[PDB]
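A.B. asks: Residues per chain, in single letters:
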Amino acid sequence: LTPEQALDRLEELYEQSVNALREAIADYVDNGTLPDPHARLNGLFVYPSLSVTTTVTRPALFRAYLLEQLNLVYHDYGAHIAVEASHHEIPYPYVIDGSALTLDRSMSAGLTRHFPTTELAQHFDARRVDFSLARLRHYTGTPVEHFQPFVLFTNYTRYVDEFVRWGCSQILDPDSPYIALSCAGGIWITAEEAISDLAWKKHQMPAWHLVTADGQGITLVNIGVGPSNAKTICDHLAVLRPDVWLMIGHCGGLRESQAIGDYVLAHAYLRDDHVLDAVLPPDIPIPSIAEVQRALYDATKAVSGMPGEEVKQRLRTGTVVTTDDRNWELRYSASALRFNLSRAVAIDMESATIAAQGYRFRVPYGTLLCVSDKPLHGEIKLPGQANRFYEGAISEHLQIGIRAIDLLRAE
Amino acid sequence: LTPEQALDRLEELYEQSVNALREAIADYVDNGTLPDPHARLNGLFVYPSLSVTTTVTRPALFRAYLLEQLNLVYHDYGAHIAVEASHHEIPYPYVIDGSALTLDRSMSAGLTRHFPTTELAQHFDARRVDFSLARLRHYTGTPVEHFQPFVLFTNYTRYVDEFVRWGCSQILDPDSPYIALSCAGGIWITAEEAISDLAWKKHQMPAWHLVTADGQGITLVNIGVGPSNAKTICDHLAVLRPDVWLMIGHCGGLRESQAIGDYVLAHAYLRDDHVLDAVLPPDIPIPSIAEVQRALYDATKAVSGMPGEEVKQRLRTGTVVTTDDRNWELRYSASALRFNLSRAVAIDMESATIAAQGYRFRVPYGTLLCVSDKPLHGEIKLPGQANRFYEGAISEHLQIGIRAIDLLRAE
Amino acid sequence: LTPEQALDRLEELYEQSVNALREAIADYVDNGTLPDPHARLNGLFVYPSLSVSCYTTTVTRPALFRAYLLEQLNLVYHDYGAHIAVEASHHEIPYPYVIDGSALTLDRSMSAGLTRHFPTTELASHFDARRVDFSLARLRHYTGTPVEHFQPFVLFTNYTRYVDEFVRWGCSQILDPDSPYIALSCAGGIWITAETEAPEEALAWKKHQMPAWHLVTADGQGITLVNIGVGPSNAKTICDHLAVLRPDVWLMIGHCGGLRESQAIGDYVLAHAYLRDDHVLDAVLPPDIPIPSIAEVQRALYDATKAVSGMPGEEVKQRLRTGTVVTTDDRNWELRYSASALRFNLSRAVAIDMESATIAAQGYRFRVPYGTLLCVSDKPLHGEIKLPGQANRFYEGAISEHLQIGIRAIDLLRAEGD
Amino acid sequence: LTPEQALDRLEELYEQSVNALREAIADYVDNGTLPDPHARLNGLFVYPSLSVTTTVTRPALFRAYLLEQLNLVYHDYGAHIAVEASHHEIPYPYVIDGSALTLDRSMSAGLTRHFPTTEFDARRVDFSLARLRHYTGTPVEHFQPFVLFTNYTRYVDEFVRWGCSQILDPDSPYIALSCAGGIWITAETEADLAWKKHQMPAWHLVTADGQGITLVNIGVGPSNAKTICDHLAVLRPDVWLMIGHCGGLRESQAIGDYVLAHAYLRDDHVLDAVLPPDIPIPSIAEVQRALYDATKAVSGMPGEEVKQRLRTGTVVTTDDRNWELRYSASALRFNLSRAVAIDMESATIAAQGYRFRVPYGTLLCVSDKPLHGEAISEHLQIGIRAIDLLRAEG
Amino acid sequence: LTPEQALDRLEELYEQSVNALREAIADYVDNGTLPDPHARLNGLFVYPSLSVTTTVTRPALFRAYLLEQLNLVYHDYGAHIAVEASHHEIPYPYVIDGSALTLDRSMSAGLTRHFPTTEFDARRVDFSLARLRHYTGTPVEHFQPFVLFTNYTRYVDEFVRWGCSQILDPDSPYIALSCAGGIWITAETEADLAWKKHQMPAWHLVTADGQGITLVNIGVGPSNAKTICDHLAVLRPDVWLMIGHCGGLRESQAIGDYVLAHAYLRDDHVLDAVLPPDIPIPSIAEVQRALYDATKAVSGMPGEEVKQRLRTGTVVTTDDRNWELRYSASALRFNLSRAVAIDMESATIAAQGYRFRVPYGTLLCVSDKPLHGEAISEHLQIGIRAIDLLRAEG
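Protein chains in written order, with UniProt numbering: chain A, 8 to 59, 84 to 153, 173 to 241, 247 to 466; chain B, 8 to 59, 84 to 153, 173 to 241, 247 to 466; chain C, 8 to 60, 82 to 152, 172 to 249, 253 to 468; chain D, 8 to 59, 84 to 150, 174 to 245, 252 to 434, 448 to 467; chain E, 8 to 59, 84 to 150, 174 to 245, 252 to 434, 448 to 467.
There may be inaccurate statements among the hints.
[As the list claims (entries may be wrong)] With a cut-off of at most 25 Å between alpha-carbon atoms, the simulated PhoX-like pairs for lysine-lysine come out as follows: (1) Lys256/D to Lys367/E; (2) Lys367/C to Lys256/B; (3) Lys367/A to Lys356/A.
[Said to hold, decoys possible] Here's a subset of chain D near chain C, in silico, CB distances under 7 Å, partners left out: (4) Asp338; (5) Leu396; (6) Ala399.
Simulated from the structure, these hints should not be mistaken for lab results. A virtual CB, placed ideally from N, CA and C, is assigned to each residue, including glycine.
So here's chain A without its partners, still in its complex pose:
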C-alpha cells in the first residue's frame, strides 16, 4: 500500500527482473546456460505489476508521474496498492540498454527459441511503453529523460535553426528558466554548433529539448513531411504523456484574401490523410480544444501587433485539409468539391494526423499554420524558394508557437 511505498517496490521488482534477465542472457552467450524454468515461472524476469491494474516499466522514469497519480487516489479514495510480479516477461531486446553486441546466427536463434522476445499478438501496457521508448530515442536522436511536456512539431529545418538559436541565448540569460539544450546529436549545452550536419542524416525525426530545473521546458521535434510519420512520432510521444503538442507548420492557403505569411487556425479537419482510417474512421469528429485555440489566438495577437480583432486580417480560423498526396494540384478538379463542401481554408500534410493522435491519446492539441503558398490563385511558390514574405515571418511564426506554450504552461 501507500504512495512513497510500492513506488520503491516497483523499481525494486523492475531492476530485479532486468538484471536477472541481463545476467541469464550473459550466462547463455559464452556458456549456453539455460535459465531455471521454475524461478522463471515464478517471475525470474517479469514486469512489475500494480493494482488498485496494469503492468509498468521504467518506474524510475515515470516516478514523478506515477506519484502525482498515486497519492492523488490514496488521499481521497482509501485504496490499497499491492505491487507485485506480473505474468508478462520483459522482452530481452529492451534490457540491452544502448547497443547490442552481436553473435552468430545460431546463437541469436537460441535467444529467440529460449528467451522472451517481442509478441505482436498481445492504457499503455508495459510492453507497448517499452516499444515506444526504444523507438523514440532512435527516431529523435536524444534520450527519453530530456523530453519536456510541451512539444512543438515543425516541418521546416529553418524553424529548428531558430529554436536552437533562441534556446542558447536563453541558457545564457540567468533570468531564463531554461538551463540546458538537449540536441538530436546526443549533446548537452550550457552557459555555436548545437546544430549537427549529421543529425538529419542519422535521425528522421530529430528533436531538441530546452530543459528546465522543474522539467517544464519546451521540446521541439522536426517530424518531416507526410501524415505517415506524423502518425509514427505520436504513437510514441504518447507514452511520455505530454501536456500538449502543437503543429507549427506551413500550408497552402486556399482563399483569395489570404496573403503569403498569413496564419491559419484550424477549428476542424478534413481527414484525407488515410493513415488513421482503420483505427479512427473519418466520420468520428475531432474537435478543437478551447484552451489551445485561445492560447493560439492570443499569442498571434500578442506577437502580431494587430490591435484587438485586427488579427482578423492576417489570421483566419477555419477547417484545414490534411492530405497524404503532396501533388494534389495535379488533381484539383477532383478535390474541388470536397474543398468546397468542407469550406476549406488551407491545406497541409500533418495537421489532422497530429490532431487525431492528440485526440486518440488524450493529449491536448492545436495547429497554427503559416500560408506559404496560394495554389488556386497563382502566386505559386513553397518554403525554400526565397519568399521574403514567408521566410520574413518564420521567427514570428515560431514565436507565436512559444508564446502559446507559455500561456498554456501558465495554467
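Following the hints, position chains B, C, D and E against chain A.
C.D. replies: Coordinates of chains B, C, D and E only, in the frame set by chain A:
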C-alpha cells in the same frame, strides 16, 4: 443602377408579373382565354432579374435585406445593377396567396398543360425561395413577415408554454423591446390563450414570434422530434437568412458524473442521423462557432449562478451523438464502440441535423442540451414522466437560450 | 400446474414483486431503510419465470397478456402434453417500472440514491420482461392511452383528418346496440360508451407525439388507430413498442405522392414492394434483404378497395395501381430530384411516402402481418405539389373512403382467422 | 401516317438496305468494287426508322407484334406515324443470315475497313436475333410466347416425349415440335446430340397462331440465365417461368417438395451493376396464382393438402454452387431473409424479367436438404398447366 | 511413428469404419437394427486421424501422395507420426460408393435420424471426391496430374482423336484413354453422348506412372470454373492450364492470335468473398515460360516472329457474357488495366489455383474483336507442349 433604385423596379416587375398571371388565370377559369404567347415570351409573368446575378421574388419582403446588401456594394465597388425581366416564369400556385378555389379535374389539367407550374428538374433562386415561403407558413402556422432573425428550436411543448408566458408579460412591460406575439394560430397579441388547443393538431412545426419595432425579436419553433423534420424546417427558414438558430433541447446524458438537469455544450457531432448523408457526407466536419459557444457558456454561467468555472460541474462540453433511431438502447452493444471512439458525452435526435443545416446555409448555429435521462447508468426516465429535476430546470434551460440570443444580438 | 393455473401464479407472483418493491422504496424515502441482500437474492422483487417442456422466459404484466399466454400455453399443454413451470427468476424489476407514469421526485437522496440501492435498467417468447416493460412504459406516453385498450388490429395514419373520420364512424358505431364495438378509448384518457354525455370531444396532439384511438369490443377484437406523425423515425419507434402487444395485423393507411403521369389525386396505391430510402433500419436489416408482401393482406386490401369503393373492373384497373412504393426520410426530396430520378426509374416507383417501408420492414422483423394502401394526395413530378392540409378538395373528399377500405380489410382479415 | 402500310413501308426500307448491303459486299469479294460513299449517306444501308422515334429491323417476323402495337396508338389517340430512312447503317455481319461466308481476317480486312461494322432499338435487337439462334439449335421464327426454363436434361426428354403425344393427336392445337438442331417434327413423321452443339438448346411446340409452349434448357449459374434473357427479351415473350430444382433450407420440407418464390435474396452478382441489389423484385400475383393452381390441380390436393408439399417464400440465388463450404458466412443472411430454398438461376431470371417487362415466376422442386443431411414429370406438368392457365386468362 | 506402415495403419482404420458403416446400415434397411451407440463413441465409424493433426480418407488412391509426403517430414526433421481413431464419424452418403441405394426419403428418414450424416480435412475431400465423379463422366482414380481446361467442344474431339493416335503406337507412353461415361479405350480396341449426361465431362490420357494429360471441358462463366476447381484441388494436381478463346481488345491483334495472361482484371465476382479483388494473383514464371516456349515451337517462329501472333498482358474475366451491351461503363477499367483480351473463366481458374497452391496459367486464342468489328488444333497442341515441358523440368 443605384440602391433606392432598381429596388422599386423589382417590386414593379414583380407585382407586374404576379397580377398579370393572376389575371390571365382568372381569364382562363370561367372563359378559357389563353394568354398571348408573344407577350409571354417577352415576360408577361416572369420573375424579376437582378445583376451586378440571380432572380428574386417578394422583393418587398426582402426589401430591407436587399438594400443592406445593395448599397453595401455600390458605395465601395461602383457596380451597376440593371434590374429587368428574367427568363423564369412564376409558378401559378404561388400567385394564389392564401387558399385555392378549386375547379374540376378538366379545368385543373388545363392549368397544368397551359400555365407555368413547379419544375423540380431545375444562392436561393426565386423558385426555391417561393417554395420555402409557401411551406414555412403551412408548417409553422404563422405569416412569413413576423419571423424574427434569432430563432430557438425546441422539442418540448412545455418550453413553448413558458415562452408564450414570458412573452406576454414582456409585451405588457413598457421597458421591454417586444411589442407583440405572433402565434402559430395566426393571432396577434398586445398590451391568456395565446396557446391554442388546435395549433399542434394543425401545424407540425408551430412557431411563436416575439416581435419588436426594429424586427430584432426572438422566434421560437417547436420542430418536434427526429432528424428528418429538423432537416425539413431548416431547408425553409434558410431563405429568411436568420442571424442564428439555437437548438434548446433535451438529451440522454452518457457519462457517469452527469446529473439529470445538467447541461451539455456540443463542440462536435457524431452524425448518425442519416438524413443529410447524400448532400453532406459524414466525413465533412461541422465545427462549432466561437461566438455562439461563448454566448452559450456565458449564459449558462450567468443564469446558473455557478461562480467562474464552477459551471464545470453541471455543464459539460463534448461531442453529441444525434440519431434517427430513438430506441438506440435496444442496440447499445452495437452503438457502444462508436460512442466510445467519439468520446460521446450525450445523445439526442436533432442537434447534428440543425448544426449541419446551419453550416450548409451559412447560418450561425449552436446547441445547448439538458440531460433529462441517463440510459447507461440506470436512473431511467424521459421528459414527461415527472422528473422534478429536469422539469424543475426548464425555465432555467429556456432562460439560458434567451440570454444567449441577447449576448449575440448585443454584437 | 395447468395453463390457467400458470397464469394465476404469474399474476400473483408479479404483483407480489411489484408491491414488494414499491413498499421497500417507501421505507427508503422515509426511514432511510433498505432491503436485505438475502431476501433479494431469493427474489423479493423479481419477475416471475415461465418454462415449458425446454423453453423458458421471464414475464411481466401477466394480467395484460393473459389471453395471449393462455393461447400458447394451452396449445403445447394439451396437444403436446407439455409440463408448465412458473416461479421466481433471477431478474429484478427496475423500480421505474413500478412507479407507473409520474412519481414523487424530490432531491438527490432520491434520483441518485434509488439507482444506488435498487434495481435499475441495465442494457449490457420473442421479448423478455425487461424488453417488454421498456416498450410498455413508452406506449402509454406516446399514445395517450392505457396499454390494455389496444386492439389486435392496427391502422397507422400519417394525417389527422383520418383520426377525425375514425372517431366519427366510431362514435356513431357504439351508438348502435347491435354492433360489437362497445367503447371508444381516446387519446387523453377519455372513454366513450352509449351512456355517455357529450361524445363530441372524443389538445391530445399537444400532449402526445403519436395519439391513438381504440374502438374496443367485449372480447378485444376491435380496431386500434394510431396516428403516427411524419417520417421513418417515428414509424420505427411506435412499431418497436407496438410489437410487444403481439398484433394480428397492422396496416398503413395514409397519403402519398403519386409518381406516374396517369395517376389522379385520390387514386390508390397497393404496395407490393418497397424501395427503402428511409435509412432508419439499414443497420438491423440491410436494404438487400427483401421485404415480401403477404398474399392474404394483399388480397384483403385488394378486395376491400373494390367492395367499399364500388369501382367496376376498368375503374379498378386505373384508379387502383399496385406497384413499388419508395419511402424516404427526406421530405424535401424534390430539391434533388435528379439524384432520385434514377432510383425511382429502376424501381418502377409508383409512389413516394415517408413511413410505409418502415412499417412493413418492422412487421417483417416482428412477424406481424403488414400491408400498405396509400392514397395519392399530389403529383410532385407533374405540376401539383401540395402539403397535406392545404386547399386540396379531391384528396379531402377521398379520405373517408380510404379509411373505410382500411377498416374493411381488417374486417376481412379478422374473419379469416379460423 | 397509316398504321398498316407504314409497317409495309418500313418493311420495304429494310430489304431496300439488306439487298443493297449484300450486293455491295458480294461485289467487293469478287470485282473488288466499293459502294458509292455518297450512296451510303443517301441512306443506302441504314435502317427504316420510325416516329410517333426509333429504328427497327426484321419487321417481317415482328409484323404481328408491330401492327398490334401501333394500332393501340392510333385507335386511341391518333398519333403521327413517320417511316423513312435513318442515320444508322446496318452492320455487315447481321446481313449474312442468307448466305454463309467462309473468307478470312484479311479477306475481311476490307469488309471492316470499307463496309459498315458493329461499333430496344434496331442495332440492339439485331445483336440478339443473331446469337439467339446460335445458343439454341433453332431459328428465331419458331419461338413461342410462353417460355419454360430448365436446368435438367431429364426435363427436355420428359418434354419432347409429351410434345409428340400431342403433335399427332388431331384434337390438340399443337401442330409441330421445332427441335434443337434445325429438326422439325410433324404429325406425319417418326421419332439427340444438340447438347454437344449448343450451350442452351430449345424445343418449341408450335401452333397455328403461334401460341404454344417453348422450352429452353439454360445452363447452370446466373451467367447463362442472364445471357439467354438478354436475347429472348427481344421476342417480347408473354411470360417465362423458371422450373428447376433447388436445395431445401427448412427442416419441414421433404425431397420432392415444391418451392414458390415470393421474393429473392440476390447473391447471383451478375446483375448488380445494371440493377443494384437494393432494388426490389416483386412477384407477379397472377403468375404466383397460376403456379399455385397448376400445383393444386396436378398434385391431387383438395385445396389444403397442397400446403404440405407446396411452400411459398424467399429463394436465394447464388453463383457459388459449393456455398455449403462456407455456410458459416451465409447463415446470417439466410436467417435475415427467412430463406426457404437455394438455387443458381431463379432471381436472375426474375430480375431479368423485371427489367424487360416480361411476367415471371419460378417453381422449384427440392432436390437436396444440405442443412439436414437428406416427381419430375409432375414438376414439368405443373409448369405446363400454369402456362396454359395464364394463356387462357389472356 | 513409422512413415510407411502408418499409411497402412490409417488405411486399416478406414475400412474398419467403411465396412462397419455399410454393415450397420445394410442391417437397418432389412432387420431394422440400430448400431450400438457406445460402439459409435468407441470409434466405430470415425475417420483415421493423423498427427505430426488432421483426419484423412481414401488413403488408397492417396497412397503415393501420402507416403511421398510424410517421408519429407521424417527424412528431414524426424517427426512423431500418430495414427488412430478420430472424433469425426463418416457421413453415411460418402459410403454408398460400393453399392447403390434406391430407397426413399422415408426409407431414409431413419438413415438421417439414426446413422451419421453430413452436418483439406477428411470431410472436405470426401465432399469433392463424390461430386467430382458426377460432374465428369469418369472415376477419380483415372485423373492425371496435368490438367487442361476448355470451353469448346471442338477441343475435346481434337483431343480424343490425338489421344488415340498415341494410345496405339507402342512408342508413346500413353497407354489408355479414360473417357467421359465410364468408357475405357486401349491400344487393343476400336473407336459420344457424355455432353447430355455431364455438366463438365473429362478425358484422361493415362500412363503407367499416371503422369499423362487430362482434359476437362468446363462450362461457361466463372461459376462452373470455380466449382470444378474446388473439387479438383483435392487430387493435388501439379498444374492446370486454361486454354480457351477470348475477345481481343487491341486493334493490333488478329483473330487467331494468342493471349498470355500476365495479370487478371477480376470481374468474375464469384470469388470476391473468400478472396477480395484487391488481393493480387501473380502469374507463375515457369508456367508463363512454358506456354511461351510451347508457342514458339508449335507456331514456327524463329524467336521473334512469335511476338506478332503472341501477346502478353492483363486479361479480364467477367460473368457478363454480353458485356458489350454496356461497354460504355467497362471502358474506364479496361483502360486503367490496359486490358488485352476478355473471357469468362481465366481469372477464376487462376485465382482458384492460387488459393489451393496449384501452378496455373492461361493461353487464350482471340476469337472475336468486339471493339473493332471483326488454329484450333495448334492452340491445343500448344497446351500439350507446355504441359509436357513442365512435366520434364519436374
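A.B. asks: Now look at each hint and say whether the structure bears it out.
C.D. replies: Against the structure, the hints:
Restraint check for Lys256/D and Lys367/E: not satisfied, since their Cα atoms lie roughly 34 Å apart, outside the 25 Å limit. This hinted pair does not check out: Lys367/C and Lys256/B have alpha carbons roughly 36 Å apart, beyond 25 Å. The hinted pair formed by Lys367/A and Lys356/A meets the criterion: a straight-line CA distance of about 9 Å does not exceed 25 Å. For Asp338/D, the suggested interface contact is upheld, since its CB lies about 4 Å from the closest CB of chain C, less than 7 Å.
Checking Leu396/D against chain C: minimum C-beta separation of about 5 Å stays under 7 Å; hint holds. Using the Cβ-Cβ criterion of 7 Å, the hint placing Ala399/D at the interface with chain C is not satisfied: the shortest such distance is roughly 10 Å.
Consistency note: the structure conflicts with the earlier hints numbered 1, 2, 6.
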